[PDB]
Structure formats: C-alpha cells, structure tokens
Amino acid sequence: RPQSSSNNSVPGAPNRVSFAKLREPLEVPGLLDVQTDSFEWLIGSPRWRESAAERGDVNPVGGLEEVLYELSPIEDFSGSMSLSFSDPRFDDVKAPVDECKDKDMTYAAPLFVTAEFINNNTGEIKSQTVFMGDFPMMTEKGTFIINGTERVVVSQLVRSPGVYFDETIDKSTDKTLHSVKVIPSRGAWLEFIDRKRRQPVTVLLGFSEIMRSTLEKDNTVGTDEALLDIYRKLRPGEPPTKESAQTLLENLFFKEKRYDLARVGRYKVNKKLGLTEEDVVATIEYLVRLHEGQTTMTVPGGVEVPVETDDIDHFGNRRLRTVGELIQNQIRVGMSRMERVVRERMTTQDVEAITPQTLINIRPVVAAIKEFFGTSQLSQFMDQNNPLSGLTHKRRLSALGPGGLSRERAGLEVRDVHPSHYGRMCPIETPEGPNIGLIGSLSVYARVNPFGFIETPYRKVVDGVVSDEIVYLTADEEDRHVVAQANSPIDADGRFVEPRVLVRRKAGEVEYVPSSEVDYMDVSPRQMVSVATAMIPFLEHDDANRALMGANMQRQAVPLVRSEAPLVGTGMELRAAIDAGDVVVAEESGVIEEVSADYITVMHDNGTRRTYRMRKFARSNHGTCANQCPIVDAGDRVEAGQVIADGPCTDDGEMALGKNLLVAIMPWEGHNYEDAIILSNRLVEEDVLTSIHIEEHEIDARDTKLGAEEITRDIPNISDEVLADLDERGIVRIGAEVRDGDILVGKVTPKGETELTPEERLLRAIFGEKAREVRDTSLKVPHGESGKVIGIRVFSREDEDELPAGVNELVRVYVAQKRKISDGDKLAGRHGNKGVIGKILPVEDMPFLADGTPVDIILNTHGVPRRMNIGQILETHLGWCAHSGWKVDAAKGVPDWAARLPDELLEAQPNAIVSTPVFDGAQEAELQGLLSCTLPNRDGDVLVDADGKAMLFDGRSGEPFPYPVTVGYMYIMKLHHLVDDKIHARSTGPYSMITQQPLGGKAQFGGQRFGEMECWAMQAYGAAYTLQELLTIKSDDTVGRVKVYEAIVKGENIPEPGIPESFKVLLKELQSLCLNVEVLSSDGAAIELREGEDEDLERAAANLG
Amino acid sequence: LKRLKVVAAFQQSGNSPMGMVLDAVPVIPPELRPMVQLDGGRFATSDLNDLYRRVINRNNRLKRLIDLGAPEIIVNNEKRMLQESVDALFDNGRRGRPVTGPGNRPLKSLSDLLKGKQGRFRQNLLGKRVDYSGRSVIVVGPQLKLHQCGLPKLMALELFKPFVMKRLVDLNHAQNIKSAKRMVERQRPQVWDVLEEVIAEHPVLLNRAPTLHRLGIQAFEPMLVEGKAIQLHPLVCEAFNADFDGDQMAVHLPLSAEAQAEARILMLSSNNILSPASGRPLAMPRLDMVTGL
Amino acid sequence: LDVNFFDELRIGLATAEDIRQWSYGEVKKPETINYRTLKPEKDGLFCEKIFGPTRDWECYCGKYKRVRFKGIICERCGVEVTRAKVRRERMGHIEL
Amino acid sequence: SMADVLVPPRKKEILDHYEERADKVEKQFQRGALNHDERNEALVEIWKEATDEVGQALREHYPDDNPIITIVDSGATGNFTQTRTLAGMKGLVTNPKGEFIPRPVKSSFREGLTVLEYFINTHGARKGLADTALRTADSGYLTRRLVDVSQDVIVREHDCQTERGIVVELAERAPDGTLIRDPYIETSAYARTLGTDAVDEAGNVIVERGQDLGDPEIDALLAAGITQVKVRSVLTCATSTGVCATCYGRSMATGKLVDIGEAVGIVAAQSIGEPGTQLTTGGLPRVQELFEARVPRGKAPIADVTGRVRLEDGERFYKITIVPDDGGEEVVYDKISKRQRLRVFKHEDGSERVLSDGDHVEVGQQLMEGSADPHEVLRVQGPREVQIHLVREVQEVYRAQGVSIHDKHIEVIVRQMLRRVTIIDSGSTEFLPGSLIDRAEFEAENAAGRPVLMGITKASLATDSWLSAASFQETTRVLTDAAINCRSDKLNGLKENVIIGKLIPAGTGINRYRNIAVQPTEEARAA
Ligand SMILES: [Zn+2]
Ligand SMILES: [Zn+2]
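Residue numbers (the UniProt record's numbering), protein chains in the order written: chain A, 23 to 214, 226 to 238, 253 to 322, 334 to 1163; chain B, 293 to 585; chain C, 2 to 97; chain D, 732 to 1011, 1025 to 1190, 1201 to 1281.
Check the hints yourself; a few may be wrong.
Stated by the list, open to error - Covered by chain A, according to a simulated footprint, are these stretches of chain B (three or more residues, beta-carbon under 8 Å): (1) 318-328; (2) 416-430; (3) 452-458.
If you are wondering where the hints come from, they were derived from the structure by calculation, not from laboratory data.
Heads up, the beta-carbon is just placed ideally off N, CA and C, and yes, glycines get one too.
Full structure from sequences and hints, please.
Here it is as structure tokens:
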C-alpha cells in the first residue's frame, strides 16, 4: 500500500488516505505500556527482564525483589538470628477474568517467596517456601478485577525527592531571601525542623560575610550546646538525656530505616551535586551561593554545578508513580508491619522449634493490598462508556490522591500548562470542571522512566542532516539541547532544505538557529497531543477551550447498535481502537476454521487452534452495551495483529464514536435557537442514533427483626394477571417485556401484628388467617424504565454460594433498553460544538437538496463563529467531498493547488474514508480545490457548489430558501447525557427518617432541592406563601403534608402550614450542645413542642363507627 | 474591659458560671443519629454514635478505676481521656488531633452539624427538598407564548397527580379515590383529558441553577407537550442564563390559593420583562431573532 | 396542634439540672443493638426503655404490643407503649 | 463557509514589515542597549500594532453583507475581535504568569495554527477556564455577604417626607454653547424621585418634586438647560428601619414607584452579585475591599483641614506637612512612597496641575493618587460624603467592566454600612465605651459617639438576631456569646421566619396585606 494510506503497519486495516505531507519516522508505542510495563516491572516478568537487559541497568531488580532486598536483613536486638527473603514466584491464576467478573471475585495469583532462617548459635539454616497471599493481577487490557468490578490504577503526579531552591521577596524592603526545602521519599522534611518554627541556622552548626553575620546571633561551644538545643527544640517531652537525645537525633540524618534515601531522590541530588553529610554541607554552600548570584557552584570534590532556582512544577522535578510503584509502596507498608511482627516473635519463642512459617504473618500484607485496591483514590472504577474512555482512563495522569496535593491546596499555578509538558502531558485534554489542571493524559509518544520521569522521542540531527536515530529525553535533558519542530522541509537524503529551523528555547522560549546548531527534532506533529485530542480533525483550526470540550466528549460518546466509521478521520482511530482492547485481534496468523456470532476459531499454520469468544450484549460499568461482532468470514486468511471482530464503537477496526450526518448550517424557525439541534426523524426510524443500555437490578432476601424474608411468587393483594411474567419462584422470565412499575423479583418481608390496619386485623381475627403477616417488598421496575429481560442470575444459601451474613438469597435481573434518539438527548461534534436536540422534524419538514435528499441535522449558524472552532466547518466541507467522491483534472497537468497532494488523493470514490492528521491535515487550498472537482449525483447534477454551499427547498412551504446554505457531512456523537435518565418528577414519595425531608435523587423517587439562593429569589419577589409552603407542607411538616394531600384529593382548600421538623431538629442539636434553648410566647412562658396522639386515634376509631 | 464584658455578662444574665463545667452530658435522640444496615451485612452509624460511645467507655473505665483504688496517675490519665473525648463529642479537632474513623477520617462532631455549607443551618433550614417538584432537560420552545411552558406529559401527570385523581373521581372514570390512584399510576387513557383540564390556568414555577437574581425563578402556564424535555420560551433564556447544551431545570407546583396567586401575579413570566437591576428589557429579542428583524 | 405565636427564642447555658430534666434516662452501656436479634440493647445509645419504643405501641420485652395499653409503662422492661415518633424527641444523658 | 471567511490581502506584507521592526529591536537587544523587559515591551507594542493593522485591513476587505460581518454588526452575537482571530490572526498570547509572550501567533484559525502557536495558546485558554471556576465562587461569596447584611431592609412606608437628598449631574457645560450629557445619567439621575423643584433661570419649574424622572422628564430638563438635579435616595431617607417608597423611588422591574412590601435589600444584593462573574485593587476584590470597609492597599491620604502645604522632596519617599489657615497647629503627614504619584486636580486658584510645593489645599482634597481610605473621609468630610464616595467607587469598578447597576441598589448596602456609632464616652447613659450602637437606640436612649463605617460582614454579625447571625458565619462563636449573654432573639426578620416556618415579614407577609377582609358588594350579590 502507498505511503499516503495511514496505518500501513496494521494488517487488514481499512484504506484511509491521508493528507499528511510529512513522513512518520516513529510509530506510536503501545498505548497501554504505561500500565503493562509498570506492572511487569513489579512482577519481574521475563518481558521486563529482556527490556531491562537491552535498555535498562545491567543489574535488574523488580519491585517485589526490591522490597525483599530492602527487608531481607531482619535481625533481633541480640543479633543471634536473622530471617531473609528472596526469589518472588507466582503460581497460576485462581480463576479466569470472566469467572471473576461473574462470581464477584478478585483476579489474582498466589505469591510465594523463599524464606531463609539462620541461627548464629547452632548454625542451622532453614529454607522454606512461604505463601505470601493472593496477589491481584493486571489483565491484558491493563486493568484489575476487584470484587468482580474492573478497575484502573491511575498514575499519580508527585514531586521527586531532592533539594529545591526558591527566592522569596519579603514585604519589608522587598529584599531577596532564598528559602530552601528538602523533600525526602520517607521521613521528615527539612527547611532553611519538622514543623518546629524559630529553628536557628546557628543552632545546627561576601559569602562568608553574610554567613558570618548569620553566625553572630548565638555562640557555639563544643559538641554539647547545639545538640542539646536540637534535643529540647525537637520535642516538648521532658529531656531524658542531652547526649542520648543528640544521638537519637543523629538517627534521623543517618539510619536508612527511619530516613529512607530515595533512589530517585538520591539520583536527583547527586545529578544536582557530586557523584549523607557531604550532601548537606554542599546544600548549605548552594544556598550561600544563592544569596549572592553565582553561575557556578563549588564544594569539596564538586565541580560543574550550576546555581539556579528550582521550579517545582517542572517535569524534571515532577515525576510519575505508576501502578507498579503504588502497589510496591503499599507492599512496603505491609512488609514493614509484618517485619514488626517478625522481630516481636523472634525475641520470645523457642529458637529450636521456630521456622520461617512461624515468624511470618501475612495478615498485614494481604490487608495492605486489600485496603489499597479497595479504599484508594488512585484505584478507580474503570470508566467504560466506549473504548476511548477506558483507554484514556489508563493513560490518565492524576495529581490527587494520597501523597499528592488536595483539591483545596491546588492553586492556579499547578493547573496551567507548563512548557516541560511538551510531548509528555497533553495541554488540551483535561477535565473541564474543578479538576482542571489536576488531571492530565499521557501524550501519544510519551514514555515513563524507570525513575518515574516522562520522556519523549526525538530525532537526532548530525551536522544539519536529520537522521533516523531516536533518543528519548527527559525534560531535564530537553532543557539543554535545542529541539526543532517536525514541520520543516528536508532533503530526500536527510538534509535540512531550509538554511535555519525554528526551535524551542531551553527556558521555554522561541528562537531561530542555523541547522548545524540544531540537535533534536520532533518525531511527529501530534507528539504533544493525547490520543483523544489526536482524533479531532482540523484540530489546529479550533481554539483550545473548544478542542478541550471535544476531547472530553469523545469519551462521553455512547455505543450505537451499529457503528459507522467517520468519513473524515485523523488516522488515530485504528490504533486507538486496537490498543483500547475492546476489539478482538488475532494473536497468530492463520485461516478461519469456523465463525459464528458466538466465537471465531483460527487454524494456525502450526496446526494449532485458537478460538476467540465474543462478548455479546454485555453491560459495561456505566450501562452501555459492549457487543463484539466478527468481521471475518470462513475461508478468510488473517495475520497476527489483524482485527477479527469489531467491538463497541468500532467499524472494521477503527474507533467509530458516531455517525456521518448530512448537515445544513442555517437558522431554522427558532428550533435550533441557542445551541439547540434539529434532527430528521429518519435518524429515529432507521435507528442511526439508537443505542442499547443495560441496567442491573439487584435484590436480596435477608434476616430481619421479625425473621427471614422470602423470595416467592405468592404476593398478597396481587392479581394473577400481573404475576403472569413471573416464574414459579417469583422471578421475571427471560424475554419478558417489563415497564414502569412491573414486578421483577417477588419478595415478602415479615410484618408485625401491630402494623395491620384495624380492618386487616378484623379479617385476620374473623377468618383465623395465617399467623405469618407479610409486606410486599418485591423488586419493581423504577419510574421511566422499559425493556426486555436479557438475563437472570440467582444465588442461594442452599447452595455453596458465598453470601454476606443474614442474606439468604440474592437475585440479579438485567434489563436491556433500546433507546432511540429523543428530544433532550445531547449531541456533539469532535470540535467542541454540542447541544441538545430541541426538535425532531418529520422527514418532509427538513430542508432538502434539489434531488430531494432531506438533510439529517440542522446546526444554527450563530453558534459557529464565536466558539472559535472552524474545523467543524472545514470537516463538513471535506465530509461532502468524501461523500460524493472527486476527480481532479490532470489533463493539462496537476494544478498548483494539488501540487502537494499525494497521487492517491487526486481522485476518490463515493463514500471514501479519509485521514486529516492534526497539524499535518488537509490545507485550505486543497480543500477548496476538492470542492470544485466533486463528482455529481446519479443524475449528473452537482449539488454542492465550489463554496461548499447548496440550494435547499423548504419542506414546509415548498419555496426555495433564497440563499445557498452550507451543507455537507459532519461526524456527530450521541453523548451519555440522555433525557430518559434526566427526567424525574414527584408529587409525593419517601422521606428521610432523620431529617423528615423528602429523599433526594431520582433513583429514590426524590424531591427537588430548593436551596438558599432560591429562597433569596422567593423573598425578592415578596412571595411569602410560596416560600412558606415550599419549606413547610411540601417538605418536613409531617401533619401538614398528609392534610394537604387530603385537601387536594377532596377538592378542599389547602390548610394552614405547621411547624417544620428542621426547627425541632435544630433545637435538639442545640440542646445536645448543652445550650438551653426555649421558645417563648408573648407572655414570657416557654412553649413545649409535641403532637396530640388522640387525633389520629379519634379519626381512625370514628372511621369504623 | 474585655474581662468586664464576660464577667458582667455572667453577672447580669443570671447564668450561673457553673454551667461551663458539666457533670452530665446530654444524649441526642437516636433518630437524629440513626444506624442502618447496608447491603453486605455491614452497619452504618452516624459519627455521633462513635463519639458518644467513646465518652461512655472512658467514663465507665473511670468508674472502674475509682472503685479499684488505682494509682492517681492512672485515674488522672482516664480523667484526661474523658475530658478529651467529651471535647471530641462537642467540637472535634478544636483542640488537638481530631478523633478519626477508618481511613483516618476525622469524625463529625455536634458542632459540625451547625457549621458550614453542608451543616444543618445552611442546607437543612434555609433550604430543603420539596414535594410536587421535578426536573428535566430544557429545549427551545419557539412556538410558546411568553407566559407558557411545555411540560412533558408524564411529568405533568406526576406533578398534578392528586388533582387528576380528584377530578377523576368527580367524573365516573374512577369508582373511588384508591382506584383513581391505581389508574393514574398505570397511565390509563382516561387521564389525559382530565390532566389537560386541571393543568389549565394552573401556573408552575421553573428554576435554573444557579439562581443569581429573582428572575432565576419564573412562573409559566404549562401545556402538555410531546417528549420528555421541558420546552422553554426563547425570550426568558437571558434571565435564566439558559443555554441548551444539556442544561436542566426544576419545576415546582404551587398548591394553596395564595401560592398560585403569587405565581400568576408576582412571578409570572410576562409580568417581568425588565431587569430588576438596570430596568433594561431582558425578554427583548437576541441572536437569531435580531438577525431576522 | 399549634400555630406559631412564638414571640422570641431564648438561649442560655444549660446546667446539669436542665440536662437531667430533659433526660428520659441515663445511657450506661456502650452497646448499640444485638447482632443476632437486631434489638436495641438495654441502657445503650438506642435503648428503648429511655429513648422510647422502636415499634408503635410495643414494649421491648413483648408483654404489651397493642393500642389498648397506650400510656402504660411495662413493669418488666420499663418501655413505654406509645408512638415510635417519640424516639426523635427524647434525649438521654450521661452521668460523668 | 471556508469561502465566507475572507483573509486580508496584505497580511503577509504587514506581518513582514512589523517583523522587520521586531528584527531591529532584536539587534538593539543584541548590542546590549536594550533591557530584556524593554525588549519584551517594544516587541509587545510592535505586535499589538501589527494585530491592529491586520484587523483594519480585515474589516476593509469584508463586504458588509457577508454573514460573518452581518452577525456581529447587527448586534446579534459575537464581536470583531473573534472575527479578527478567526480570519486575520490570533496575535499575542499570555504567559502562564499572565505576561504577554514576545512572539505572537501569526496564524489565524482559518489557516490553522502551528504546533508551537497552539501550545502557547493553551496557556491563556487554560488559565482562563480556571479563573472562571474560581471567580464564580468568589462572586457567590460576596453576594452571600451582601444578602446577609441587606436582607432585612424593606420598604416600610410610602413617604417619610424628608427634604434631604443628593445632587446629581444632568450635564456639563462645554466652552461651546453645547451641553455634554453626563455619562452616569442612566444609573444616577434616571429613575429617581425629585427632591427639590428644578427651575430654569429663565422661568417656571420644569419638573415638580416627587416625580419619577423618566426619559421625558430628563429630556425636558435638558431642553431647559438644567445642569444639576437634587434627588431623594435611601442614603438620605429618614425612616428608622428600612426605607420609604418615595426615597427609594421607582422599582426597576415594574417601572412604577416601589411597592410597600417590596424587599429591596435582597433585590440590591442580587443586582450587585449577578453580574459579579463578569468582573476581572482594580477588580472584584476592589468591590469586596469597598463593601468590607478595609483600609485599601495603596492608600492615598487626604487633607485633614484647609491650609498651605509644605512638600518635602526625598529619594525614597514623599513627606508632606500642612500649615492650617485657621491658626491651628500644623498637621504633619509622612511615609508617602515615591511610587505613589502626586494628585492632579483643580487648585483653589483655578488651575489644573499636579500638587506642587507651597500650594493651597482645601478640606478633604486628595493628596496622592490612589484609592482613598473611606474611614478617613468619614472623619474629615462627614457621614454623607463617604456614602457618595463608596457608591461612586463601587460604581467605578462595575462600570469599567460594562455592567449597568443603578445607584440605589448600592445605596441600600452603603446605607446598611453607616447605621451605627461608636461610644467614646458613656456619660450619663449605660452604653459601654468603644461599643457600636445603632443610631436609633443611641439617639432615643440619650452620650458621646461618632459615626462609624462598617464592613458588611462586621455589620452583619452585629445584628440583634443571634439565630440569624449563627446561620451566616462563625456559628460556634455566635452561639457561645449568645448563650453566655442569655440573648433572646425577637424572631422578626425574613431569615428567622423562614427557619421556624413563619411567613416572611415582606411582600405578602407584612401585616397590612396579610390580614384583609374581602366580601362582595351588595350590588354584585343582587346580580
Ligand atoms: Zn415489656
Ligand atoms: Zn425616605
């Protein structure tokens, strides 16, 4: 295939012709490597062993091996014995992935280590294989299964350990004062101690003149005074010994168990100064040299050290803790607690009968792993709306979590784009809300260091000749060399065609320098953008805010019942879908032996067989439908890497998040007013925006005060007609159509005899009914839900099924809903243009082209220009070209506008899929040229003119619209904000037992929050009775609400409101604070607040007669 | 002077200063500090139960130490722990490190219920959740008159449910009111005529958060509309700052004659054209409308 | 039962006499409810003898469950038979 | 359409020309004859000029019936800066720190940006979004404090019949016979009740007192050559609590005189806070600085008394002395930094110039350029002056951002700031020294006290309602003090009534409207 076709490296890839004018020197690495490489490092896998042999240190050490080598010399106070660890080994997996998801298990493999005990008294050596617990495993997709739910461990942005200098300008005299801080990996931080203010610089002991005047504040005599002042200043506890507290203080700067030298941190301070105490002294010298400006730093043995301020937001000072390092740290905690247990068990026991099995207790380790994957903010519910959301979730770089910074502590300086993020963290894709700047995404080519620093590939240039040698540079290393943009003319032999190339300066500035002085060059124009950002066509034509919204909304697209790849792509779609994993890929080449909707089996040339089972109508974490379908036929030959089956939001292997829609940019009768969107009813009738949403309903039968609940088909006061779709157990039947209020699982709960109505008790006593009284607790379909039952799963105590204490039976019902696009659903393009459907018109109402084709979607003109996304227009134009095909006129030779076009874009067939990579995409002039050579329709009519505009008829009156309207094809996604989920209404419903206000939330059938600002609005209107009614009889007035319902049902006047329960609760809280709060009447007496019990009894008794 | 303010305060008010030292701690009723079992057998208690429990355990151990004739150092340690636990009960973290639960989370004290934006003062008193209310996504209403709003049929049927039941029993569609409830819940076809009847000239309130000024809440005459989306008049968007990107709005049904009168008169959409701030027209045309004219 | 005629709301320090007058009893036990029976333990934070019954007109021991007994105090378990509503208005106390 | 976006024909030559200027600045910096801040300053002026020029050529090349032009120039939506960014060029982009980057973005989003231009643009876009996210929270907080201070202010009576008011400028007399209309007429003159009759020097009163002062009244006043009008406002209103309908004047929403039940403090707080998300001390923190009555940063002193000025010249800072003309002792100021410029003003001799040595200064004349301390203005110039000053400054901040808020709304808050006085000497009464007592209690119980300016927060916490004060801020402190002082909350206010479920004492809730007899007439019952 030609160089113009994108994704030439992927077998069976669709042919998508690219407008890119620049060759791609380096392919995109595995987009999941940020996960899999880290976890393989933690395990010490053979793959990581090979990678570390090639590109890593000569001595490889895995994460587990590192923790064990740290913990290996365990010695007691006597030193007569030691217990060592080594050689981490893993068994096979307890259960496969689908079984763990189904059974609510944890995907894990047993961990074993070799434990060696030595007895220095008798010389015995006891080597024993110890079971260290079930170790949660990472899947091929870069996830974990914890309690059956798939989870992603997000990489965390933290500061590297080291010494960081800054100068602060004081308010007095505006003087320059340099403040220094030393960040350890573990242990207490130091400043120029551990939160103790007033710490003298003199108590620890031009340049020597300011240090000399600094030394004049307190005299120093001997090794006593300074160490006693440090001892008493450290802790307020009564001084035990000045000397012994001096040595115990010396434990803080020396002992590796207390003060842990950071391997990465030691590399940072060493790379800063020199190749302990000498580091401290060199730090004082660095600060002294910072007091009076110096471009060189000197110390004993030190040389070639620059003196400079340290920017703590720079990516040389800011590293990543990947999944492997986070797990390694929690393992270190658990192993430390286990080591305390080991030292505790060593001193007291019989040294002859001890074994490594006896000393080792794995409870704190397993509890550490459990507490991590369970309770950690970095262990996250995997976001699967579509493959792109999960993929970007695995590449997410988060600044929050334990060890990071809080949301409140985050200022605007940590959020904004830093110049060292280039090629490392995408400047575009970040959350739009309060998390902006605290959550990034890894850039397409970026890679994490063994120390946790993000690198980027660069092209090494020798004497102005661009080479194919690739070098990965840290931001530190990038701040030395001069790096050139990827867009620049080059000779066919690798020479730089222009005399000089533009560059990024070391400080983060822009400069122009001759080619012989340029070191490195960008590998790709998309190097800086993330995966989702790289999928936005004409990204360079959109402003950064709108492009941010587009990148974020692609992750919100819902899988449609049928996926359609976009006519206008950037070329990132294929690798995005493949690396995401939700597509099925052939591991080995061969021929398809058999193919069904259930599975594909491929016969390899070895005679071996591989069968791939399809996920069919599976419910994702967010309720979208994950459905795989084979794209291969029986006799087909496939290759390793080729896509066998499409997944959710995939068409022939490429990410397909939406549909190509015929668009018309124009105001239409106020129905597209203010970002509202108009759709053709065709999109409803032909199901082009339709999606499947699967809901999991769960109910259990447990033990109560009055005894066990029962799941049963026999429900009192319930007709046989509404029990029709239930089986003999009372569970709805597979294939049943369930609607609002229908019974899913019948359940009864024991009731008390005091809870019967007087009439019910009259029946029970008259007929001598059963002693068991029950209430109908059956699981019912919530409001606004419809669908068919696609699955039933049932668990019982009668079997071996593990259930929580008290729970006898647990049944889950899965309901699948086919959702056609509706008024109120949210749509968006890739450029950040978005809105809700405000009208869905009959097909005959839509504006239609001269040939009678109705447009699919009408976007309002006023929305486009001010949002500063013009790509949506550009794409539209290109879309139409790709839709209609084109033939460029070469008869007299290639026109100058097509000169830079590859020979494959000089003509295209109708419905041609096309790639316009970001920053390399289709140029303005080339697009304008293509608009002229567009092929006609079946009648020879050219429907769209050279401007991109067509003449449309009004489908209502019939008159033609007087001016040509821009029409074309735009790629529109159905966002996961859907009116079916949003609509909620309540007249009356459940209330809280605590505050006696209506419950909140739609799932609870809750009421709307009327807040403080809404009360301000009510008061500004002067509406007293509306405000009082809202806050009394409509909320917490317990008698007022029932009496109001009576009044409405009887057609009477609404009664006078009572006293809110909130005020009584306030008084009870004040009293619980020992505040005596009494409500005084006019005469000065204290009123007592209660309610008469006889009223309900008088009415209830008079009811019968 | 500063000492005189507090000493004189205790002198004139009749407060016995002995009230600052407590021999008995009140206990709040259990419904305000409930305990509910979750799915999975676990139980969930308000932090108040753990605070009270710590005070109880330390107090009972103090009694045991007084009976056992323990050393004065041990008894004193228990007394200090008791004072610190009552401190954590009243105001947690005001002195020392706060008492924490699992995950090293400071427990919420009695003082925390009265403080902050999430306390019982701000969001349990000045505002509350209400009945006869709903919400949905808003779409543009161009065919509406300024005093009207489109209401999704099911939303209106739920909001007006008691009125529809009463008018349903007035006619013979429902035998009694309970069967009327059963018919409205099942959406029997007889309810749409009656619904359209009770809707008539009964105003509803629409609100879009945040409410910046009183025009953030306005009264409209609802009319039954197709679909699940609320249809909003294009002229009030400026007042609500309503863009249709997925913005949602809330509906509230005034019940009493006074509330309905306030909606029709005070808060009606067409009765407020002008900015309450500058007096300039808000319901004035903008965007496409301007273009057309 | 009462419209709001409230003229003013007064707040002052509560003495131990006030706290003991508010109290329907002293909470002497750390226990909450029984794990097997889901019944509030006696003299606990949820104890029914002081804070009131959990179920309408039902004493803790079960000798009286019915409306006929309304107002009486059970001689066995000491629980008043009344509406469980009172469980939100009834304060306990702790003797330090 | 891509065709509908027109590109300037000379863009390449314009940008090349200004690039040659920029290259000259580069050579100037290479010689060491230019400072780095001066290099960036010159480059920023160069590329500002270039962006202006490509903007001009852009507007020149566009036909007026073009859709992109039509949309902006009709007022429908958008502005021409967006059109220039789209078609012409993006221009200078801000640093992460907020500084302009010396290299502009020369591309337009029609051309598409290069990699480096896009990356640079992300700084300004990102910091913009973040700054919006914080600004909404801060504006909401200021609105909440405005509500808490003003929410009990309602219109309690039709007219208090006070003759007090303020002078408002209707116009200025140019050297020509023409009359220059006052820019503040919309928010100052318009929608006020006339305090005293406006009479032209040539004849009859054109507008009677107690009139709405609408556009017809303003046009008749200007046609009659009336350059000033005295109006009634809530600042001068004589009602003890709340304000009278006649002093507050017209309700902005209804267009008629404000109704009795109306609660104008909440309307005022909402009217001030609703635009607050548009405010970018120069910004919204200046509004908070004024409403909180904080001693401003960059304080500019004022003259305590009329007299001659001895100006002392020094390198580090200015030192000012004043010899009064009444015969009193010299008032000696000091500690005026050299970064503070001298105030330019009209002296008593009738010249427009900077403050110089040996001038003559009147009472309250601003000595230095900056923001005056409203506390000092209160002592020197009296209580009625600080109201005008504060309203004018707040209105300066809100007008500089293009937001139109009428003066009366600010006057409700400012009125709530002056409500109390300090007791310096107890004398015969029971007031404690240094305590802040309401003006009504101080005058009725009357012995020595002085007017005090309070921040809206401090004035809020000083309310007579402990229940209301506890729900605002510092709940623990409020409840401790209220408990020790055995305070009794009178339960009259719209926040207290909301808490206990009582009709708010405003609008339909006041006793006049609340209790009313309604019965049909005999004639109607007959038919
Ligand atoms: Zn009993
Ligand atoms: Zn007045």
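Going down the list of hints, with the structure as the test:
| no. | hint | result |
| --- | --- | --- |
| 1 | 318-328 | holds (count 7) |
| 2 | 416-430 | holds (count 15) |
| 3 | 452-458 | holds (count 6) |
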